[PDB]
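Based on the hints, put chains O, A and B with the ligands in the right spot on chain P.
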Amino acid sequence: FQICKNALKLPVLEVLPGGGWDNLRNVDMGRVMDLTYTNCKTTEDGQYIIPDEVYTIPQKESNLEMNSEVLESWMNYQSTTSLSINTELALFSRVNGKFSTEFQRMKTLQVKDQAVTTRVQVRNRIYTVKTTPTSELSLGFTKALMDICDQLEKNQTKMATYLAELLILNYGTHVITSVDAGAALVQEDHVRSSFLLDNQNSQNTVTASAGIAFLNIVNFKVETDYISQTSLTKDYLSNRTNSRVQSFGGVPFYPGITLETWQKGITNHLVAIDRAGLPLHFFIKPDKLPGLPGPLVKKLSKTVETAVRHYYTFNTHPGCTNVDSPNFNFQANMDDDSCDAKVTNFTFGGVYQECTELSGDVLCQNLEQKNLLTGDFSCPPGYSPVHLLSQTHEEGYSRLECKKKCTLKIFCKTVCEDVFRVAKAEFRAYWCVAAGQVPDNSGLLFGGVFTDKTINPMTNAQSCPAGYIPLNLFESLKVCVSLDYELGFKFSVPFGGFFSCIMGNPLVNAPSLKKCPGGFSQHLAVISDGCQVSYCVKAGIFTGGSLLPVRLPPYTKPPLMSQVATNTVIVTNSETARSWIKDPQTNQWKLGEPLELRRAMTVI
Amino acid sequence: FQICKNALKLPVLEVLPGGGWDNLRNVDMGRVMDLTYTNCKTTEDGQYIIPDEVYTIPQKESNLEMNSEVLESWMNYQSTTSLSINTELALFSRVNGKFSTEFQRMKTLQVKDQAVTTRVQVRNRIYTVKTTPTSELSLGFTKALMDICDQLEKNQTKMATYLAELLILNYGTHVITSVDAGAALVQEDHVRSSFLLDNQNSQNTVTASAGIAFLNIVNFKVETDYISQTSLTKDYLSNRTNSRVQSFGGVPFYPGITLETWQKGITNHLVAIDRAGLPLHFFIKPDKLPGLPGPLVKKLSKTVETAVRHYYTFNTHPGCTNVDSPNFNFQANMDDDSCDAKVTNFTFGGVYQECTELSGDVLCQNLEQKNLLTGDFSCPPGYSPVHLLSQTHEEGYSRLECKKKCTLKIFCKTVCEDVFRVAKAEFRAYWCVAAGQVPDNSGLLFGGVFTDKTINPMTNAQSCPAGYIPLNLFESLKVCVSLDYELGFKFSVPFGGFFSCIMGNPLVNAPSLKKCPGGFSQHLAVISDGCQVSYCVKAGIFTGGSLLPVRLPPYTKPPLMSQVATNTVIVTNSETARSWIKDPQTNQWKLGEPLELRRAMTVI
Amino acid sequence: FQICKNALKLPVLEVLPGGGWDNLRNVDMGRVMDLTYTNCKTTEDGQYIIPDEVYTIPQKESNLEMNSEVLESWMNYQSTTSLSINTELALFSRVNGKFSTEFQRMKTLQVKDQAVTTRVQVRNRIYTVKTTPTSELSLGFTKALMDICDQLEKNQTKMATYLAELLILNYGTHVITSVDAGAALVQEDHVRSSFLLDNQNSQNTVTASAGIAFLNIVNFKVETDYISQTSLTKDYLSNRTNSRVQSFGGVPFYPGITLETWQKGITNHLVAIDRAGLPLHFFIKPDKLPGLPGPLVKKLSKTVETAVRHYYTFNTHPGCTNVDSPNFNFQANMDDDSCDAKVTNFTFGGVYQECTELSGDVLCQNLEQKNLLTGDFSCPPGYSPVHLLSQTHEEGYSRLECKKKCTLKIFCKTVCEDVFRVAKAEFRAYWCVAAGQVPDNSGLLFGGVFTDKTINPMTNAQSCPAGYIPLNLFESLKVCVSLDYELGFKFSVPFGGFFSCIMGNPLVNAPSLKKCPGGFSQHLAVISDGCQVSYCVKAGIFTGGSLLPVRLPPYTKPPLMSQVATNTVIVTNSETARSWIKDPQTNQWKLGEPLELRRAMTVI
Amino acid sequence: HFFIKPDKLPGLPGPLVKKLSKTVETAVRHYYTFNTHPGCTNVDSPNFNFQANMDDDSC
Ligand SMILES: *[C@@H]1O[C@H](CO)[C@@H](O)[C@H](O)[C@H]1NC(C)=O
Ligand SMILES: *[C@@H]1O[C@H](CO)[C@@H](O)[C@H](O)[C@H]1NC(C)=O
Ligand SMILES: *[C@@H]1O[C@H](CO)[C@@H](O)[C@H](O)[C@H]1NC(C)=O
Ligand SMILES: *[C@@H]1O[C@H](CO)[C@@H](O)[C@H](O)[C@H]1NC(C)=O
Ligand SMILES: *[C@@H]1O[C@H](CO)[C@@H](O)[C@H](O)[C@H]1NC(C)=O
Ligand SMILES: *[C@@H]1O[C@H](CO)[C@@H](O)[C@H](O)[C@H]1NC(C)=O
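Protein chains in written order, with PDB author numbering: chain P, 31 to 539, 548 to 642; chain O, 31 to 539, 548 to 642; chain A, 31 to 539, 548 to 642; chain B, 311 to 369.
The shape of chain P in the complex, shown without the other chains:
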């Protein structure tokens, strides 16, 4: 786009709608649109140039909120940088933006201080920039798309999902279509809930005081002299906690910039104020990719959909988030009435595993372990076996076969042959529940849980407590269970249930959703081939504390190539008489009846 800047001496449009966007991480991950500047299309005013596949409608509407916008609960989270994306009725609208760099701070300021958040935003959005419907894709994005297509062609349903998760990590969860270019001047003013409970009838005065304080802090730079200083403003400042005036656009903010010099500061600076986009799985349509065939593009879109879904469900964590309730879970984003649900107590029953291995019995015996009570895969008397996960495990083993041909024993040289013998071993995890009123003595007491990735919240380290035996559940899931009841009673915590991605725990009252009852705090334990297993515990002190970080894709190490690579040179549909033949090129699909019939007669 440098040729257009040379021909037209004016800065390029700063924020562009072309490119992927992540709802959780709250950042634009990658570029999904090519956005060529072959023709120097500019904004209707001589200020910014725009790519050819993007049109802009200049709104240039500047608002001056004289009073603050109060957010009582943080479940809504009317976000600043993206209000039209964190609000859509997506797969999960509640956790649409609950992992942002802004919402994390807002949450740690709202629950740890019992203080609602009030913002005084001055958003002078300049351009509502939008993508042209007939826009192409960027070379990197379409290259990753074609790579996922070729990997779905080679019957690698695990490697294709892994590459889709990598694409989401590199291109977000939503393709931005609309974006409100402009600037913002927000003061995320958190104020105690008791200040609103004492001024519920005078909330208008609270909002007015917040707004005038924002205004006089922006312009004056002097804290001893402000405008409209009253007693209620002093009480507001006294009940005020963690004030921060954040200018999302324009020249970087300081308490000295008069709002005239701030609004005039928007001449080159134009940041996304209200970006709105559709999910990327919906963006990849059969007409969007001309060379790639229709049904294959639809299968790839379904793969991207299920990968975005695995991203969402693994990222979000269900649990009550009511500040006053005792079973309040701080880490949870999406809240159900678990804290309000009747509290109970369950006795854990133990876990065992089965080995079904090809060869080399040393590797599956590591993941295989028996019960603590009985010592065998049989369920303890009085409990019911519940299935958790039925998938295969494999790790690569590098073997090199060397045969040396040595003449006169001085020309001796070693030449080898690298062989990678990936061994697959089926593994299944089972855990039982007290379906009957069995004695609590037999009831194993859950003491904690840890693997090499997460940290045991009870011990604050990747370690097994004293007196407990580590039980390897799948590969590295080390559950710590008490060999006896009393000596491990003070340290341990009542169990909540083990539920996985395919099958849930029966503890919720015969339908049983993938959740733990009795107001127990749920946490993730292990991810395995795009499937999660979760542990739930009593809502104690260790359930809260720190905020859970954002889990990022991919959710598995690169799956090894167990299946052989396939070349689906011919693609067919049973519904319609539509086919697609692969040319000698890598990705060049063309319609032809003779070639199709010939290659079909050859393959079958």
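Take the hints with a grain of salt, since some may be wrong.
As the list claims (entries may be wrong) - Here are the in silico distance ranges between beta carbons for each label pair:
#1 P:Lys433 - A:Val452: 20 to 30 Å
#2 B:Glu335 - A:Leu388: 46 to 56 Å
#3 P:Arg636 - O:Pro622: 24 to 34 Å
#4 O:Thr288 - P:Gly583: 52 to 62 Å
#5 A:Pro549 - P:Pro536: 21 to 31 Å
#6 B:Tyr341 - A:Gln399: 26 to 36 Å
What the hints assert, rightly or not - Quick list of in silico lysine-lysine cross-link-like pairs, DSSO-like style, CA-CA up to 27 Å:
#7 O:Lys173 - P:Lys318
#8 O:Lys439 - P:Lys454
#9 P:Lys435 - A:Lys454
#10 A:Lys315 - P:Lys595
#11 O:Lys71 - O:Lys90
#12 P:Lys251 - O:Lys251
#13 A:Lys552 - P:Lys520
#14 P:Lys188 - A:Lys315
#15 P:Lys434 - A:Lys315
#16 P:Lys318 - O:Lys251
#17 P:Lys71 - A:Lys35
#18 A:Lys188 - P:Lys433
#19 P:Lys184 - P:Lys595
Think of the hints as simulated: they come from the structure by calculation, not from any bench.
The beta-carbon is built from N, C-alpha and C at its ideal position, and this holds for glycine as well.
For chains O, A and B with the ligands alone, kept in the frame of chain P given last:
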């Protein structure tokens, strides 16, 4: 248009009438007009150039409303950015602009604070820019039009509607014809209804105080000194809540800009102040598209009409919106006298489903489920079966058939054939109503509802309450029904009725409109192939709370190609002796008698 | 990139996401991306140019935190220079940044003064710069990658791990993908915990005082006059310890720079504010390196993974870090409930070694030593032998063989032949534990430990205490054990247990994790061929004191070439029919069936 | 001594470079031990050695 800027050193007209416009989202979605600058046609003053297919009549009328414009109820919603579009007698004039970024804030400020909105607008509209009647269409818009035409040609009545909904998402619901270029300076000053009830005879003084406060806040930048400061102004500021001075045009606003420097700021900035346009389905006329045939263009216009209708009815939600009434529904946009209607109570009867599948019985048994009371598709004694939806469901299944030809067992290679076996399974949902005075013990109690898309407002999460069995209605509609009466009485809520897009519930008193009686709050449940099904519940606390977000098109995942693609090379009319023959090109329709008769003799 | 600076007179983007990043050392080690400037791609504003394989999304969001951010405990460590990397759920998220130049100072200020840290940060991040997914690698990084590949090809599994550790030392542990270019103005204000315990209800005032003090120190440069000076500010300054206003970006900070001149100072200066990247072992994918084969790249990635793991576990040290507890370990980064664990006391049992040498018995007898009590490899009565390490040791011996051919005894000249006879000697270390209640008289008392690398914390020098015999454990591990009980009782310290990388000590209660019980402080002793052995001691005064420095890779001297170099010209997979043939070039892998079958028939 | 690796010097052979690195290592060691002097460095103790750098509990 850069050649005209080089030849004539002056900025281009900022806002243009060419382009689509969405009534609900309140933004210009896409460009429907080409707007070529082949001839450098300018405004009659040397300030802005205009496209060749657009003429402008300069009004340059500047108004200074010294007093505010009060809006008692928000049902009218005289919008700021578009007053001539949100007022037309369209398909739904009440919800014409009820999903705007402005109206949402106005509503949350009007009902949550019981405060009417008053605006002091200074709209100096400069140019009443209008489109030439003999104007062509943009390449992207006409390309999407031709795509919808070709898809209606291939007998894909579902994919064509999906592409029409996508076009509406990309080109809005109204093609703008007139637009009032200019700037605005509005103060959306919300003031309590009690302040107007106490000053009903002195509303003129309230409006004067609002206007003078707007004026002295715009110019002075000093809050301690204003002009015409009286006691009534102080009472107005005391009863004032969420003031915001929003300048829709010109240089971005700040409390320091004297209105002289604001009005002089309009030299390059020209935003749409009063945009007026006709719906896009009416814009696509037989004479608008020369190559595309007449009756096919009319069928495409009817498709766009029904798609805009599906957009509207799915977006809008009917329910009483009277602040004082107990059955007030906050989310509802269009209001009938439901809250004033006589309150009742109905006992829910249960839902069952039928499977009619081609092959592979595993997929339809997921959507098929029996009654909770009886356990069979038979209606419970004393109830009447009511039909909800009769449409087919299908999901794609990717199957690849591989036959390997391996010589010496070392040249072994796998070559497959991608086959997509879309399986269609007819599904029908039925729910019964207590036509007679049946016991309430048998009457199933509605506990809530959720799918993978929406969120259960009772549980605030996508989850089934404890003690309830999830009932899959169509694909993912998981209704939670109580197995017993008492234990689930405190959590559940009296039912309101299930009504779908094709058939409504008989609960409204034998004609039965698609609505729920007794002042019950209505909400959307599932969209399926452009058809909506709705659930209605007692107007409790959970019905209000947050405002319902804007539902966006398309209202279904891309429908799979079940029907075979067709090439209607010949098009005929039974009324008139008019035909249209397809040339070897993609879209090139030409009149010819010999070609028509020959190809007709060949096809039939 | 100088051609783009000549064509476009503007500074290059200062911080770039391309390049490796070390989590522990908290610095960008090396460059992992080539970042060519073949096309002069610039930022969307005329301020900075960017490499072709890097795109930037300008956020330009400037925040002004009016109140401080309090960190009660230093276990979370929300870092300033990298908040999105020290938070990810990596192999070890607790020690993700516990070896930074910032965290070391924060720790020595937090525990030695019992003072929590509060920061008032002004981070005006300008560009969220990100790497293109289809980006190549830098010549040096890909050269080191190819070197590790060739060394894994030559069956040097130790030299390959050594080169991987060297690469991590030269390219960090994480490949940066996202980076928030900008500036920061942070005041790491440490304040006593008693000041927060006395103002727990008034923590908002403490944060406000910290923020206003930051603001008035930044701008005024005069310490006698500040704004908003109250009594609580004076109490804050009285309880204040080690204040430091650190500007991470922009023009270097001084108390005179008004924040206007600081924010305006960001025109060329752009430092990483929030850098986010994935681990480098995950960055090296089969598609990232085209020439290098797939399974070999996967094996190299596993080698880099295990080398990063050895870096992490050797760097981190587990031990309780609770300030109030008596068993507080200052050096420990990751904390378990060891201090809270029941305190015990164990009697050390002694160490012996075995020699299994090829030839030249002088070298293994140095590492071999018998027990002090018994004087033989037999375990003392009442103890249980525990294995520590089973690996081979070797050191190079240079021998030159000279035979002189001298004519007339005056032409006499010496010509030799350098021969390097690396001698490998197997060595095993065993140490016993009092499995039974043996007398304490026989129980050897652990007096200390030292080698040539670390320093004995009891003697503060590499020396053996008087009256103790040095016991060489592996090569240089000189454990000092008491020959008697009483005379060495005052100097010595109760033992905690010897646990190594492969096998742990059985002192933790038959599973025994690699840890020491009873709240004993753990320290590293010796690293040997990528394996660590650790000694644990009673949590006394000498366990704290100074902070442990950062252990840096490689964790072994260059392993001698014991195994012969191999040329795996052919690489094969047993799962898929995929192979890779080496061309006469160094690293040029190409697919061919005839060449593969021929060379396979030749090698086997 | 660690910087001089077999790959750092291409012309010079591997084992000879390793022997030279061991020579540089032992020379740096002779530099260190000859430079440093062990002795107690506690100001209050009577046997305080001022010249000593590294301190053991000799005093
Ligand atoms: C394709 O992958 C699936 C899933 O692992 C497997 O069941 C099937 O046998 C594979 N087919 C071929 C031809 O590799
Ligand atoms: C909040 O304001 C009330 C009003 O007087 C005051 O009594 C109270 O002390 C304030 N709280 C704080 C924490 O300053
Ligand atoms: C066209 O579509 C309709 C609606 O699905 C269907 O009834 C009809 O059989 C189809 N005709 C052809 C020729 O595909
Ligand atoms: C509104 O104005 C009346 C007039 O005196 C006053 O009594 C009342 O307190 C005001 N309400 C608020 C909320 O300030
Ligand atoms: C390769 O190295 C391994 C590990 O030291 C050794 O066991 C094996 O014998 C070596 N093979 C060759 C051919 O050098
Ligand atoms: C901390 O502040 C309190 C409040 O008066 C004061 O009593 C105390 O002396 C202060 N501590 C220090 C170390 O200045």
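How the hints compare with the structure:
1. P:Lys433 - A:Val452: 20 to 30 Å: holds, 24 Å
2. B:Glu335 - A:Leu388: 46 to 56 Å: Check failed, 24 Å falls outside 46 to 56 Å.
3. P:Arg636 - O:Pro622: 24 to 34 Å: At roughly 25 Å between Cβ atoms, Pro622 of chain O and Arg636 of chain P fall inside 24 to 34 Å, so the hint holds.
4. O:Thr288 - P:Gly583: 52 to 62 Å: With a Cβ separation near 54 Å, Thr288 of chain O and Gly583 of chain P satisfy 52 to 62 Å, so the hint holds.
5. A:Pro549 - P:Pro536: 21 to 31 Å: Given range 21 to 31 Å: holds, Cβ gap about 30 Å.
6. B:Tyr341 - A:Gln399: 26 to 36 Å: Holds - the Cβ-Cβ distance for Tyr341 of chain B and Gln399 of chain A, about 30 Å, lies within 26 to 36 Å.
7. O:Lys173 - P:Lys318: Holds - the C-alpha atoms of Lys318 of chain P and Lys173 of chain O are around 13 Å apart, at most 27 Å.
8. O:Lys439 - P:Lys454: holds, 23 Å
9. P:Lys435 - A:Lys454: holds, 26 Å
10. A:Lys315 - P:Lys595: holds, 11 Å
11. O:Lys71 - O:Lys90: Given that 27 Å is the threshold and the Cα spacing comes to 19 Å, the pair holds.
12. P:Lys251 - O:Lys251: holds, 15 Å
13. A:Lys552 - P:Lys520: holds, 24 Å
14. P:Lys188 - A:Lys315: holds, 15 Å
15. P:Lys434 - A:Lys315: violated, 32 Å
16. P:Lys318 - O:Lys251: Measuring from Cα to Cα gives roughly 52 Å; hence the hint is violated.
17. P:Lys71 - A:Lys35: holds, 25 Å
18. A:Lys188 - P:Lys433: holds, 22 Å
19. P:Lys184 - P:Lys595: holds, 19 Å
The earlier numbered hints that this structure contradicts are 2, 15 and 16.
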